[PDB]
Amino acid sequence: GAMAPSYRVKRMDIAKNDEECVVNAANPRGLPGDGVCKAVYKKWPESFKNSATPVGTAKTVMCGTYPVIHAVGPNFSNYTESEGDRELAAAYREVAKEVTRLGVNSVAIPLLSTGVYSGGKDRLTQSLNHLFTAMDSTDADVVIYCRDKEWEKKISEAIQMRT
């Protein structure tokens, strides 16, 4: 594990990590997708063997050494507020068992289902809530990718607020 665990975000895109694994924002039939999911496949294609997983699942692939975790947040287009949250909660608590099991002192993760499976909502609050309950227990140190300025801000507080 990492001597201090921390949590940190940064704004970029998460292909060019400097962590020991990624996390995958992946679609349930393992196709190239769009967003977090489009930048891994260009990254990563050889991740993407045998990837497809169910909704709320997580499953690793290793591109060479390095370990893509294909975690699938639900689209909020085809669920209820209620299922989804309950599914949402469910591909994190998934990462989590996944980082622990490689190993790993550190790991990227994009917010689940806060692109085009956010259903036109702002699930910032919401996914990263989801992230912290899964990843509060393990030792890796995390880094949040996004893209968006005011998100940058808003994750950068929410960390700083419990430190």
Given for the second form:
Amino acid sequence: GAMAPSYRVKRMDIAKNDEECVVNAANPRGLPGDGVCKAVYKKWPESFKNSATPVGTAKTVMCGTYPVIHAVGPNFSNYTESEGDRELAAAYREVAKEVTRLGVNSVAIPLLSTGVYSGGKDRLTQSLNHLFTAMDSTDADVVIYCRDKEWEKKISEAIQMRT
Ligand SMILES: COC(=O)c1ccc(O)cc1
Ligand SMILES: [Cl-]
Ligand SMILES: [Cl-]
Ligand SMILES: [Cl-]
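Same protein, different condition: the form solved without ligand MPB was shown, now please give the form solved in complex with ligand MPB.
First the chain shown before, then all remaining chains and molecules of the complex.
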């Protein structure tokens, strides 16, 4: 574990992370995708061998010895608010299981279902609170990656609020 497990937030490409493993905002079919998923495909393409997994699950594939945890959040275009909320919570619970299983001291994680799977809504708070619910019982250092300047400030505030 980390000596003093922490949450941090950085505004940059998750493909440049300084953590011991990465969470991909994957599609269910293991396709290259767009946004975070495309960046992960360019950096760790070997990790897309047999990475297809259902919505609400996570599947880890090694790139060398570097673990890529493919986490499939729901696309809110297809799910009801109720069913999507349940699947988004479930995906993060499966990320916490994998992070624990791998024995890593640190993990880089994006906010699932906040980009092209958001169904055109702002889901920062919804997605971050499900991240915290899953990861709070883990002892890895968690580093959340985002690209928007206003989101960085809001994620940083939410972390500092609970310290
Ligand atoms: C946290 O978001 C990213 O890491 C990211 C990377 C590449 C993109 O094109 C978009 C977002
Ligand atoms: Cl960058
Ligand atoms: Cl997304
Ligand atoms: Cl963002």
